[PDB]
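Take a look at this single chain in structure tokens; it is the form deposited without its partner chain.
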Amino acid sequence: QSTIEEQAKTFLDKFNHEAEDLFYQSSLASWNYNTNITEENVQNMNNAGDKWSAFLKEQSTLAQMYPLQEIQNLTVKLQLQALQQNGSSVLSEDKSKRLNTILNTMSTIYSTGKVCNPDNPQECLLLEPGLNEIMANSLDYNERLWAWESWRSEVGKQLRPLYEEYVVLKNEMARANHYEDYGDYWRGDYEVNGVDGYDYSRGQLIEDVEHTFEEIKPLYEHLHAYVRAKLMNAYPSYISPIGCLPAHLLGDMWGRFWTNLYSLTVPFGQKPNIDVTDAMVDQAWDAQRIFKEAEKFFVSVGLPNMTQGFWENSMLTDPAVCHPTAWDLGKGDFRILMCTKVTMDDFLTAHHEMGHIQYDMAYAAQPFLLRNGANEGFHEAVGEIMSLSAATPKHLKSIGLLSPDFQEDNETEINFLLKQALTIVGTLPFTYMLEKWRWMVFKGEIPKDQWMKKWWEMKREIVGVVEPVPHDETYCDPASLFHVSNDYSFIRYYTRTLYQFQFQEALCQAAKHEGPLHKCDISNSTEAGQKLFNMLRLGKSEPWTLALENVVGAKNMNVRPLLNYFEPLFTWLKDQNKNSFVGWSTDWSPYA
């Protein structure tokens, strides 16, 4: 090709080799600290992690010598584009220093936030575990209200003036990088250009999120109405049969998930949940057995075994940081770090983390920067569908953790789907509405004097949730969630959720599965493993739209598979709700 393209290819070839060596060495230090926490290693790992962050800055400068307009090879364009990003470099040194100070202060205000007893001002509670325990386990309306209000008053108010200047500085940075605003900048993770038939604009994400949410509304309104009727028995006299759910009664500090409402809403409380923890301890299962069974599951669909380095290097038990994590260091080195316990949860989590490893192994041959998920939602969606198959009674029988004669009754099935929906479906309105608020704020569509007014109009309208006390514009309730005060995009939790049921339905059709989608186990299906692997090996070398089509046969996000997964619960909920109101009036509030 042309001289500029040839020189770009040569540059990228040298970048990819230099990056592999330094990333392997840098992430090798991360493995030392996270498996052997010492005072030396915190700064020793910083010495390796700072060396890595500066290398990308120098390589970014070198990448700018090759105009993107001259590159015709799309794989080279994709790599140059990721390298040519300026980010906060477009800001003046004063504005970068200010933004970084604001960012660090918001993060610190959140992580040190605490509320104290008004009668005993030295007795204080942190979010974890103190306030979180109240929000999950308290049945005292006023104690829940006190924790919900105090967090937003002590923490959120502190963040309000910081969040205003964060919006200004972030928008200026995004505009200088030729985006419309900071929200438009975040939506760039889904952008696809220059591939005919697979393009995707940044605005299209807003329309696709809003269209798929439209179809979610009937299921969510019926879940909401069922929960609301059950919550009236849990908190008598405090909940209107036609109104929104008071925001402090939802089982965590924000209502991000309804998971902790289960024992207050369980359809058939006498049917216990399927748990194979005891069956595993009885059969003398250890951590080695868990991951070996996980490896057998992936081998069963045509994916490879784990590597010799995996077993040699992975830390599968507490001897460290105990977050379940999958490691992709390069040079054929893959590891899992997990302080495994002999429980059903860790058996499911091990399938999740090895799904990450299978994804990592499949795209290991891609260029350095293309060794990533097709977009921000892909990787966790791949891990989630591994737990879906591994948790079914069907699969638990085949590995001998359920008796061969075990039949799951229809009341136990409804309990499981409802518990699933409280977490999976309950978070979708929350996630879309929060990100919609931020998107509109970044767009300049919500004036500062209406920030909290619009936040709670949108909570009432979209989420069916109402503030138990009025909040003026001294509050910054969004910033009282970690993701907002710590500058993380949120829509990934929406797209990942829809992706995972798109994946599972396609894999289960390929396996020619019979019956309800939620009972499917893709084990021993090489067709499903080949369908999945045709996307896994792409990394992000292809448009995410193409990678999705490789699994499910369509180019776009689709919520119909999620609706299919929950169809048995939807049918049951409509019958439960036949004498209840479905939906809500935004006019009721606990205080007015």
The other form holds:
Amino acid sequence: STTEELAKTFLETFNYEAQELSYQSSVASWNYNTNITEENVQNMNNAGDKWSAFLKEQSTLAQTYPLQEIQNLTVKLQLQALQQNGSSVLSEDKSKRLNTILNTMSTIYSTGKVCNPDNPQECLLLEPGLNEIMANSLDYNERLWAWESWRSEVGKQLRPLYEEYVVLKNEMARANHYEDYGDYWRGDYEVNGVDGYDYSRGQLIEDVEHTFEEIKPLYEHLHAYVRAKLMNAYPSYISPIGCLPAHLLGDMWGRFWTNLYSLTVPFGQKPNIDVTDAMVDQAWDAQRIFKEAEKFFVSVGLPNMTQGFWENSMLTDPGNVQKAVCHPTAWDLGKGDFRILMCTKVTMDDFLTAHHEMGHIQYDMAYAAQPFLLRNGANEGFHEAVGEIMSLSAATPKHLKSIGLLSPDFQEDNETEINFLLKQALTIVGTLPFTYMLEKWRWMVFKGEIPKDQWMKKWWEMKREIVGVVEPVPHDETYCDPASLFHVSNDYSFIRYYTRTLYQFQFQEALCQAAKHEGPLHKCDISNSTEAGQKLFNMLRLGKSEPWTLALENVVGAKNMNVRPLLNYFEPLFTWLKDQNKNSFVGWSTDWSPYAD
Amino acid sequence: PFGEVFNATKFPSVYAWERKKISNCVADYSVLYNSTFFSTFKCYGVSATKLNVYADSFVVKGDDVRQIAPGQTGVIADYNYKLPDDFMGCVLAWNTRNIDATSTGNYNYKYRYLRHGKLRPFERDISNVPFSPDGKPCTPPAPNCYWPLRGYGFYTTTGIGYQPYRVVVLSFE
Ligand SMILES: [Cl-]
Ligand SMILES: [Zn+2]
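Output the structure of the form solved in complex with its partner chain; the preceding block shows the form deposited without its partner chain.
The complete assembly is shown below, putting the previous chain first.
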């Protein structure tokens, strides 16, 4: 009856009870998202609420145990988790208010709809409407309008709240011995005692700012290329040495340059790594899609989906007489009860998606052995990276012919490739900086390094440095754009999107050299290779069990996030660009502006 | 005579398992030889006939079936049912999701997970006194107080590993 021995027996009780409440919570949450009625929705809460109850109870109960008295390190790790000291350390007044804030921001962002200044009787929501505009509109003004309309109505409104939002949130952090709400988030990456596998809540910032450096060349160059391309799209509205106008980047914030493919495509005279037709032309149905993906993973020495998986899962839109949420989703309801929700539609996008999702399911199972509190990805990124690993292999024309969705006779030429390759930069390499500057800004704002009256004059002072992008109208502290984006005005660790990006590649490399790959890194298809599968299943079955660094090791074979393998995926490209930019200017002046004066 | 344990309407909960004694009787074993129905038959003794007994029945989780066999640390064999390291006969099981599992959960089947000491072969424990890892008599919701018995709660929709399987341990002497 030591201090450990007592905790030992605590967790044991927590595990068996959490398994039942959590299962009850998911099943309800499941019946809703797949039947949306009144009885099913009301229910979702009761169950969800009970599970919410059990937590605070069990959290402010794990206090009985002073962490520093643990030898079986695991216990400390678990105990640590239950130590979600929530937002209790505050005052019932503040905690109340805090949640009142979050909630508003959330509903403002969800409800906020702007109305046509040139047709007050008509209005639009972010999605669709506004977003519909930011992706397809070629009207410099219409784009300009929506961009400002949004950051002008809801933006401003969120300014007050965010201001208070910070303080309170910061207060919390400090109490728990964290430098700020910032050093809080960074926590997710921390490691304590294990030798050569530790990691500080600060080295993230180092290893991020370090890695990001090696990416600059590739970025500057992609930037420079799309720039001139845009210069043609929006004649005269751009500077050949200046930055890029925020309302012109494929979506409402410039998150991803994806939608710019339209007018940046290297060779318009190329066509289909789109089997969408081939699928419909072969009468493939839902089942085929998922059944086929099951094969893929088997092909690398992993298991068939559970007998239950097929019995419970929802693979096709129920139609009417039963309304349901169609976000494709992986489900790990626990009790060895896995399943996917997808309103499947015989297309390629969906076909890859189905693989991506079955990747999550694959990860989930792998770590089912681990104790209830360790059943997750090494970190926030790991789980998404694992899924995108699959999307990567299945997308190869190689794998597509391999399966009979692409006429065996089709031969890939190095131009259709540059395409795809850049259609990638647009998404993978466009959001990289956008992400680094974002979190860095919140990051700084949380170490106080950025005053309330320079909150935009600091935003865009780095948007013009890190991202080489400009504001089409200047903003004052009336506006609060760094929050105009879901992830921010709804409180979320946004750095995941960065780290998950590298991780997914060192994983893709690790698996190609292991599965013996001869062509350029993006031609890889781990498919049919079991030996490289084994290499995956090591970092997989760990769950949160080890330090992500060890987890990373197991596959890649290193102990840190190296960007060199991303650069590798984008090397046939990287040069093709230095070539287009022989006459273009590579870089940008932080001073140039679209509005002028 | 066996038709009363197998085929039986209701089954006992592990910790409180039921032992049947069949004296002066004969059965072919062929009602058992065939019918794949069973998901387990490991017979730690033989597999023939000689018209010559013990038959304990109860219900455990799926993956918990692994534990009804000699050796095997437990948590089920440590605290609910322990088969002798040596002396043996047979262990039998079948899936009963529809009989013992509901769509809302059926927490009627229990198992002990907290105990002081391990169960010596064939032993049984129906105690139900608040547990504490030192002996201090408990009184919930006091700290470090747990009721040693818990429900399984078999939902019709859970993994085969977490589905209700009934067990009959036929022991010969
Ligand atoms: Cl912005
Ligand atoms: Zn995903």
